[PDB]
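Number of protein chains: 2
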Amino acid sequence: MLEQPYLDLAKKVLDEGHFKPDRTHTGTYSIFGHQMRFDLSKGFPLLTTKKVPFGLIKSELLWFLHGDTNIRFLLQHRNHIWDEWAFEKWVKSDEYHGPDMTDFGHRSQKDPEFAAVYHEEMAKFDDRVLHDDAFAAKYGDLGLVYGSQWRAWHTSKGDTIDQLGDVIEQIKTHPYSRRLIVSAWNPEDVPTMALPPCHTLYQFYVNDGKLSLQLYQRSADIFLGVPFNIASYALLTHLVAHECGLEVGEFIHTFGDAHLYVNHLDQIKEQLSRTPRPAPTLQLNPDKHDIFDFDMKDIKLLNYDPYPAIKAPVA
Amino acid sequence: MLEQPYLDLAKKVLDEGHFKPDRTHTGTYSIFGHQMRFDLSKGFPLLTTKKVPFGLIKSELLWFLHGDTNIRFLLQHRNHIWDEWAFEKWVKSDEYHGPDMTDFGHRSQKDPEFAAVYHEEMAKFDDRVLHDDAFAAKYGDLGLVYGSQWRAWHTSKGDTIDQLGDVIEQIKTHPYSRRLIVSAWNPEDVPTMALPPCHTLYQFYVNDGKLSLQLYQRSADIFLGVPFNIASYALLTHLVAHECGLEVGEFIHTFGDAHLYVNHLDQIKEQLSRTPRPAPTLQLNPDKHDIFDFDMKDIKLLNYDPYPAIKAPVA
Ligand SMILES: O=c1[nH]c(=O)n([C@@H]2C[C@H](O)[C@@H](COP(=O)(O)O)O2)cc1F
Ligand SMILES: O=c1[nH]c(=O)n([C@@H]2C[C@H](O)[C@@H](COP(=O)(O)O)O2)cc1F
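As they're listed, the protein sequences go chains A and A'. A prime marks a further copy of an entry chain. Its first residue numbered 1, the first sequence is counted upward by one per residue in the deposited numbering. Its first residue numbered 1, the second sequence is counted upward by one per residue in the deposited numbering.
FYI, nobody ran anything at the bench for these hints, they're computed from the structure. Certain hints may be false.
[Claimed, not checked] Restricting the straight-line Cα-Cα distance to at most 27 Å, the calculated cross-link-like pairs of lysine-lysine (DSSO-like) are: (1) A':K110 <-> A':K311; (2) A:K11 <-> A':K42; (3) A:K157 <-> A':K138; (4) A:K12 <-> A':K210; (5) A:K11 <-> A':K210.
Pulled out of the complex, with its shape left as it was, chain A reads as follows:
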């Protein structure tokens, strides 16, 4: 049916699997280069042979059009998609006196109560982020992240240029530019970074009164990740047509390396025996128009009917 693109690309990775020792080696099957397109006029690509929580996706984009850098705005939206990159600077200097959490992702997975003592200082931290307007300001500004690279390309002669606002005055002044590309890749401070831009850039497009958006994703976690991304940018495509007043068209997801972590192989097999349902229709608050200035109540998903949620070994 409609989500069929996504679902094929676990088939080819099985049947083309290059087995890479990468990670801490740990195990992966990859491929290199893949495009896979989606008709956004058909229905909205939320995955129906798995249950993908639409809340945490928009809670994260609305982090992104708000130009926002701060763990505090996602937390107070129950969003726990980003914690550990700013809990990486809790295990970092002073105030941090006497738990460890030294490169903790690892020993929590290979834990019993370690994951839990990490789960309790981490929690201490999260609720600081919530309540004191200065510690929060400190550990919480992640600085180079999308909200910033979207809404403030930082220049030499230290200005901030917002790629997103300019490219959509360009879709409003000039429909046909082959130059509506926003790029999250800054080579200067790419090697001073922790996680370089996964979504490297996105080109947009106006064909027949209607708009598309194309994505070069430099690395992708096929199971434990991609279902989410399909929606994050297929919802984006939907909200900037809402500001330019055009129609919706195609989300092209194009890939560089796409892999399937080998710890997950049983689990991707199963939902590939699932049979698709129809896919929901996303509809945005009509009367309001700046996507940049949207809250939560401004996107409702309707008739979404997932299969049960398949559990992580994380990624």
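Based on the hints, put chain A' with the ligands in the right spot on chain A.
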């Protein structure tokens, strides 16, 4: 046969043709998003149902690994691929007294002796570029071009970082990074530019002892252009395996907008009635190893057997 990817992508543009009034409107058929892959181990992708001059292609890459900005090095290689962007600053201040060449591409095409009076002051200029070591230094440094964005990403705290040298110490220290991406897109001075990066970026890859390279091309001129690009980066892929000491693998060309200028429609039809020949094998000077420090005599193309050269209405 091998070049068959390229040759299909004029078929789909005919049969999918979105007719865009863009240019000075002038006329185009586009599409939006396209990938098309190439097996570099099969043979080298020089087009055999048209004659594509291999000289001006490598004369231009060797402009590019030399980190070079200067019209003078290409001229003294008979390369006339870049002239008018620096002849755009001949029609610009002083010394320029008394021809016109005001936005001359146009009136030369709609000329008789205009193209020729432009062809004679332009020529005056080209041979200045050749002989006086200061005027040359002036009109000839184009500044933001590949040699510069490849070999000197210019930072805030005004350093120059060479993306190419670092990414190939990364292919030599670390085969499996999903972060070997060089990006020619600088959003700061993209809107202060004349022609923004057409080749936006390229990701590389090491699977099985062997290397691939992927290209996001943001706009492409299907007939009067693309045959050339297929070779420029499929030769690149070949020379950085020569420095990392690996094998050759795949050149993925992926596209954002690909068009076919409508003035050319008769002409693409014809070579689509041509039947492919085999494709040459490119072999590089073995004993020498820095591609950055290659001259001309360091790549020989052998057994290349084109069909005749189809003539331009330019692009
Ligand atoms: O949804 C996600 N998709 C994804 O591709 N990553 C990645 C990909 C890779 O497995 C790792 C980052 O590593 P690298 O940056 O080296 O690709 O996290 C993370 C997510 F949360
Ligand atoms: O080989 C070439 N391929 C190509 O795509 N361009 C382009 C594409 C487009 O037709 C124009 C640049 O316009 P824009 O930058 O708006 O895409 O020149 C130029 C070449 F010489």
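Hint check:
no. : hint                : result
1   : A':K110 <-> A':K311 : 17 Å, holds
2   : A:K11 <-> A':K42    : 26 Å, holds
3   : A:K157 <-> A':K138  : 24 Å, holds
4   : A:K12 <-> A':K210   : 20 Å, holds
5   : A:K11 <-> A':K210   : 23 Å, holds
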